[PDB]
Amino acid sequence: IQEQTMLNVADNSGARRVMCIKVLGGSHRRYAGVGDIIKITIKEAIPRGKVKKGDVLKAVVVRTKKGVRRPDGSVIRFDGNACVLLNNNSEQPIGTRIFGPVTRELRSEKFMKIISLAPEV
Amino acid sequence: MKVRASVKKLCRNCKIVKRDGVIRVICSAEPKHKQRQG
Amino acid sequence: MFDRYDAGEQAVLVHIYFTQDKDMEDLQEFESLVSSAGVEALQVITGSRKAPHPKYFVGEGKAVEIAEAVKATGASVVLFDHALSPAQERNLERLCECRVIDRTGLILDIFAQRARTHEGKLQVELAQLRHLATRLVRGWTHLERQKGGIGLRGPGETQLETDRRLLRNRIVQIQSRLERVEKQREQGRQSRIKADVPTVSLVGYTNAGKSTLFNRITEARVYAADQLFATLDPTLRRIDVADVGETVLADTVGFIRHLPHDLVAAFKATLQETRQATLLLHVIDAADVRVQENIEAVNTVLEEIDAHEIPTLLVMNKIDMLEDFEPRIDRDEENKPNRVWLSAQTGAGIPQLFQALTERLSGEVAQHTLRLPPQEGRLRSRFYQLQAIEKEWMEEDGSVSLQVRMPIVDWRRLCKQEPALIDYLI
Amino acid sequence: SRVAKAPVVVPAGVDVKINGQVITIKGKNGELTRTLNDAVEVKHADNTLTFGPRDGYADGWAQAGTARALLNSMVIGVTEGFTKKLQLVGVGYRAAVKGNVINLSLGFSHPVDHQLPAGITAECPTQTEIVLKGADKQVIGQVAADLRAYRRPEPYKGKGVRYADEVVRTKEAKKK
Amino acid sequence: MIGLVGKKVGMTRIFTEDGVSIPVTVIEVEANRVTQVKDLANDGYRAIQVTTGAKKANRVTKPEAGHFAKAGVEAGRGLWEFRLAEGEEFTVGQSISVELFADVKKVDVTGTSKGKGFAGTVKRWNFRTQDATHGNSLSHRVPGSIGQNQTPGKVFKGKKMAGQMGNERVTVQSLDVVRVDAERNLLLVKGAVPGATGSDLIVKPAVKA
RNA sequence: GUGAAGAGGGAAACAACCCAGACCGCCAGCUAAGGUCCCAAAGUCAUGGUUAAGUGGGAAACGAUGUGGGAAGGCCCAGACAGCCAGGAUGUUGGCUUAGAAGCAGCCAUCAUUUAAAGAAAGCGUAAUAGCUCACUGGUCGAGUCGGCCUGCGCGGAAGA
RNA sequence: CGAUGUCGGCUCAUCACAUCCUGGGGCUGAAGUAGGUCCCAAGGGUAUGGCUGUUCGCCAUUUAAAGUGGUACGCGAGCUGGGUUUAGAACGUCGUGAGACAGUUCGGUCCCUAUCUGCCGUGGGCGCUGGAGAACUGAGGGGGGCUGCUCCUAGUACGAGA
RNA sequence: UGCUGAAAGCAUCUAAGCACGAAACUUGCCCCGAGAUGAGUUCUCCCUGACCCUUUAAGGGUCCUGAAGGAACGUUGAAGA
Ligand SMILES: Nc1nc2c(ncn2[C@@H]2O[C@H](COP(=O)(O)OP(=O)(O)NP(=O)(O)O)[C@@H](O)[C@H]2O)c(=O)[nH]1
Ligand SMILES: [Mg+2]
Numbered sequence: 001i002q003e004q005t006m007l008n009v010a011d012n013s014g015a016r017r018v019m020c021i022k023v024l025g026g027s028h029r030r031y032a033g034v035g036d037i038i039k040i041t042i043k044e045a046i047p048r049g050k051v052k053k054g055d056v057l058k059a060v061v062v063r064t065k066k067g068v069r070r071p072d073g074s075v076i077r078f079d080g081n082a083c084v085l086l087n088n089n090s091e092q093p094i095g096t097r098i099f100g101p102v103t104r105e106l107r108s109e110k111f112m113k114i115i116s117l118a119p120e121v
Numbered sequence: 001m002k003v004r005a006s007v008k009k010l011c012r013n014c015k016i017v018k019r020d021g022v023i024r025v026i027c028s029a030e031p032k033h034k035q036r037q038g
Numbered sequence: 001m002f003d004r005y006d007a008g009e010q011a012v013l014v015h016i017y018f019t020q021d022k023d024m025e026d027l028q029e030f031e032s033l034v035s036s037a038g039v040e041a042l043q044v045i046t047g048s049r050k051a052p053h054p055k056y057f058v059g060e061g062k063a064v065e066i067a068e069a070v071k072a073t074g075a076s077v078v079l080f081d082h083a084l085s086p087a088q089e090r091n092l093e094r095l096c097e098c099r100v101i102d103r104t105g106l107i108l109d110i111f112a113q114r115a116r117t118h119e120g121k122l123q124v125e126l127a128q129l130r131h132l133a134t135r136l137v138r139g140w141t142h143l144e145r146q147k148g149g150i151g152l153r154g155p156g157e158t159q160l161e162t163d164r165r166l167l168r169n170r171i172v173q174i175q176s177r178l179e180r181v182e183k184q185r186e187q188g189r190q191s192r193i194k195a196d197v198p199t200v201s202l203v204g205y206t207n208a209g210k211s212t213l214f215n216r217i218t219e220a221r222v223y224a225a226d227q228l229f230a231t232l233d234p235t236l237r238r239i240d241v242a243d244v245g246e247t248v249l250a251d252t253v254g255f256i257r258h259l260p261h262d263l264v265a266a267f268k269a270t271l272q273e274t275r276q277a278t279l280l281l282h283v284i285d286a287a288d289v290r291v292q293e294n295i296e297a298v299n300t301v302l303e304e305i306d307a308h309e310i311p312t313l314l315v316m317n318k319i320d321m322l323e324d325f326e327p328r329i330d331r332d333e334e335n336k337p338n339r340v341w342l343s344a345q346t347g348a349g350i351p352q353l354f355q356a357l358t359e360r361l362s363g364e365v366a367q368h369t370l371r372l373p374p375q376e377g378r379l380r381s382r383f384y385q386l387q388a389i390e391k392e393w394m395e396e397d398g399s400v401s402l403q404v405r406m407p408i409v410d411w412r413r414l415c416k417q418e419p420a421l422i423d424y425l426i
Numbered sequence: 001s002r003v004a005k006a007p008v009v010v011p012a013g014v015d016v017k018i019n020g021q022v023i024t025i026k027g028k029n030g031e032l033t034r035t036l037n038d039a040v041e042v043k044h045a046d047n048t049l050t051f052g053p054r055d056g057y058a059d060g061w062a063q064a065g066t067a068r069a070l071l072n073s074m075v076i077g078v079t080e081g082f083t084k085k086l087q088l089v090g091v092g093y094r095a096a097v098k099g100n101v102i103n104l105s106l107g108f109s110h111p112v113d114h115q116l117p118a119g120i121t122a123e124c125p126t127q128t129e130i131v132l133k134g135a136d137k138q139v140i141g142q143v144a145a146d147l148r149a150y151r152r153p154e155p156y157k158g159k160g161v162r163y164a165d166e167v168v169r170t171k172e173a174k175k176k
Numbered sequence: 001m002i003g004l005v006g007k008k009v010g011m012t013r014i015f016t017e018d019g020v021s022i023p024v025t026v027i028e029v030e031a032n033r034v035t036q037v038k039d040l041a042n043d044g045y046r047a048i049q050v051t052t053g054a055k056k057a058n059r060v061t062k063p064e065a066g067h068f069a070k071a072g073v074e075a076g077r078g079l080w081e082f083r084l085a086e087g088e089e090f091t092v093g094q095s096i097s098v099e100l101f102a103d104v105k106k107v108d109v110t111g112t113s114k115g116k117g118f119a120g121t122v123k124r125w126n127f128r129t130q131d132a133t134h135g136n137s138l139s140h141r142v143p144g145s146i147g148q149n150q151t152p153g154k155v156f157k158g159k160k161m162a163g164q165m166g167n168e169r170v171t172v173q174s175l176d177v178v179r180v181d182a183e184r185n186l187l188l189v190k191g192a193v194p195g196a197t198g199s200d201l202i203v204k205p206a207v208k209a
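Which chain is which? The protein sequence lines are W, Z, V, U and A, in order.
Anchor point for the first sequence: position 86 equals 86 in my numbering, and the numbering is continuous, going up by one each time.
Anchor point for the second sequence: position 3 equals 3 in my numbering, and the numbering is continuous, going up by one each time.
Anchor point for the third sequence: position 196 equals 196 in my numbering, and the numbering is continuous, going up by one each time.
Anchor point for the fourth sequence: position 99 equals 99 in my numbering, and the numbering is continuous, going up by one each time.
Anchor point for the fifth sequence: position 14 equals 14 in my numbering, and the numbering is continuous, going up by one each time.
It is possible that part of the hints are untrue.
[Said to hold, decoys possible] Partial selection, computed: residues in chain W whose CB lies under 8 Å from chain A: (1) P71; (2) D72; (3) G73.
These are computed hints drawn from the structure, not numbers from a lab.
Beta carbons are placed, not taken as given, at the ideal position from N, Cα and C, and that holds for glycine.
Whenever a hint applies, use it, and build me the whole structure from the sequences.
In structure tokens, the structure reads:
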């Protein structure tokens, strides 16, 4: 989340770590991100998926250090921050495969493609 | 329409009119002729 | 500072093709520049075989010579072909008296003497502006000498850097006015949204006869003469075509080698029509050996202005002089980026131009032989109403057969609006 | 001026009744007084409806002739009604009557309804048409167009309520 | 319609079956009684005064008690008002309470909010911090730029600065009722009430609904 | 010419404008420019005329059935002007164009007739053909009517910290 | 000139309306989609980053919008001291020179404890016609005002299609 | 954007007189608020003692009264420099 900030790619398709660059939506949303899509720059990569160095891309939060409220005083916290790369145009998961479990809180839209293709909530 | 400081007219059906202080004028050839605030 | 430098004065001309590698302008085409400029030509001083210098552009001795030539033959100005950096003009001035101008400011001067439409005014004076903004920069020196050298209390920013900002503000201002303009012509271009939008544009040097072909094809008033800038201002007139009937035309200004940078940047408005244009018709001269080069000249700017991705259609105009051939179709291929055999002032080559064109823009020639029984007055109606019956042949008991060829949008507006149980068209 | 001094003449069935500046106008079915008269000393006699400016007003024949035109409209009102053929056309459209509320259908999600102030009623020879009928000549047509007001008919196919017959603008630019 | 004077007794976390965990402030609603009625003849506005709570029956003063003489005496910690004329009510005190709302949906609620005493800017409002590095001498957290040079050569009266904060009346307009409870004079409302624990709240229904 | 080096009154506040050059007193009088419903000294003065805007109390080229004033000119009781009753003509759908053009795709001709009246045409319409309205006039109705010119005074143009 | 501290940033706003969006309308070369202008509108709201001392300008990605301009080019008795202009030194260059250069680079001290004003809180005195005690009414004043995006209407009106 | 409607026989959104019409306008919400020197409302509650001389909108003086209520101090506060 936020500006800069390292992110672990969640998907198989991504090539290792990348950094956030803009938070879509809002006049200019501050400390934002949990399912909201965000802009990305690849910084650290190997040939892998169709991802490449130097690119800018849309993406989604799926795992979060500050984590998520759940309706009962619940706060599901994680370690690191998983993220899934996306067309800046087509949106769409770019990934054949998610790694690591993620919350139900992200669902509907294409994300049901994600979470259905993503084991364990 | 416009607010052309000069007004004149644009057909034969055109006709100057007063409304309020303002000098309106209209046609029906095409409405676009509607001069006013001259 | 919208100020103009005059064309039409006595001039020591200096030029050097004789540089050895870039080459350029045998002189004569430059002389044409001089000509349409209306310059009072005097003499053609020329130097030798040099790479360009940090000095006075050309060599020391020759420079001294042109200096003296000025001082004696009394030229009103040292015209000096081939561009230089401002200091080069400076040091050159130290050896003279008069205004110097590179190839550029010449071209702007003549350009501006040609301005008539207000659009042309802004983009011109814009190019004038951007150009002069550079050159002014050394000129502080006098202004500085009178200034005292210390005592800038108040401002932190230095003067003339001030003036730099001034002309920046001018610049933005100019383009600012340019904005609503390109928007304007664009509002004209909303009509280009109607799906039925053939949109040609012509290209070539000045005296590529552009005015002429445009004339004969249009039966319209566009004057043409030997001079450069034989046209200015884009010019719309519609024309016939066998497969879209209406067909918008707009002449572009003619080209030269190495037309100015910032010119184009100001000129994008005028060419903004070219970009969208669905087909780059391109006339070329047939008398010059310059042929190849000019194409290479034209390609140059085409690059910088995009849309060189457009299909094109060459016309080796000026077949008169050559008796190159009878005018003909000249399928370069089935693709047709064709050469076309013209002499526009005679324009004898046209029918092949249109016909080849007729091949080159369409997308539905499945023709149909339509027919009706006494219920066709409405058919003949539609066909004359929109495009064309290809053939009208009445026949027995009011049954009447026809042939028609239209683009498909017609086919469905028709199939919809009319009952079209006549059903030959889809 | 013209009509302003033209006598109104009161028809026998109709019963004019001067009262101050205003004049009650009992009639065949109408019976009111739109009129109010700032200046002109309009007056009854045999049937004789006086006008001509009273004091000084300059509005004289203006207001006066206006008054005639009114009551003269009015008495014709107390005879009978006025504005009609308040048509609507184009596919999917329709209209209806009830009580005093009037149905209309114009592609809107919410149904189109407005209820007439009295002195006028209506009918539906078809949903395509609403005929109006009102005692007094002003309010009927005014509200009639005010009924049209919900949808000034669109140029490109004439859809939208069209007050009376009334040929309108009909351009065909930027189509297909 | 009308409100009542009850008080804060501790925010809690109520559950449904979903147990979504509605945050739930609880206001106790003690029975009231009507200190006086006013009408559009003696007073400008048809009205009902009331009270609730209790004094030490020595804590009371006679000028106070003499007002308490009429329409009986519940005693109380103070009075409260309700302007009304669409509605109608007794000179005699109510015994009514929570039932009044047992139907209702959005109570209003209004309170004093805990005093924060004198306080800094960036708290009376939300001024940003000026930077504390790269210099910023002597002013790491300071009132910003007021005034504006020559000009009308004076300083306006918007834009506060250091000053009072807290201990002040303020409504919250709309508030939903979680649950009326005839049980223990309880009354259950979502969100939270400005006003410190152990102090009263007015609670009239929705108005800006 | 005043000021500088000149005090008064007036133009709200005002060295340089209009009026007036203070030897000092006087709880006397009349005047100046300038003013006279109130602050506030005196006309709610007289009579005559205009302004409809708060012009006055910020301004132009320029626009216009603003309203005062003017000279002259046109039409008409053989009845016009406005509306209203009806006619709208035959050559000839002029020749050319062209699928079709013909009062209205054009083109150039556009006459001759009849009649009070009607153009081969002023506008609409049709693919085109054929409707639709005036120009034309009879009738109607009954006094005025249509303009240009000059001209006082007003509106429109006219947005700021 | 018996001293009025000067550019950029940084806290802070303030108005204008010559409109950046949102709001209301005229025409359109307004199918709808959308625009373009024009009118009316000042209620509120109106981009973080890269690069450079920068304002700009350029660039990357946004948002409905990245409006103008006034206000000792609002804001150094609030800060900032990077640019601006000292002495140090160097380069090119002009000078025979000492010396200079708006040609560039290195380094380089921001003072004032608030009487008055006006500002924010919060007080005490006296007033209000014997005296208190609580409850008031509203004479006036201020805060408050953005909006995306989704489905329903409905794949409808539009359009040949899209 | 209108209706009706004349002055100007027709017209005409205007002269008369009605219908509209917006983040703006004034309310509608909240807060403030009789120093609102126009100083207001309602409710409660209280004191209803004698004598003397001077000027009498006036007291002054004696004497005797002290009321509700106010505090002052102390216990302290999510109240507060
Ligand atoms: N022999 C010959 N002369 C020609 C031909 N076309 C044009 N010319 C002549 O050469 C000149 C061309 O003028 P112009 O058409 O203006 O050239 P241009 O290319 O149009 N210039 P611009 O576009 O600036 O007008 C005229 O004299 C023209 O008559 C051609 O095909 N043959
Ligand atoms: Mg040409």
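Hints, verified against the model:
1. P71: holds, 4 Å
2. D72: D72/W check passes; min Cβ-Cβ to chain A is 5 Å, inside 8 Å.
3. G73: This hint holds: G73/W lies near chain A, its Cβ roughly 6 Å from the closest one there, short of 8 Å.
In summary, this structure violates none of the numbered hints.
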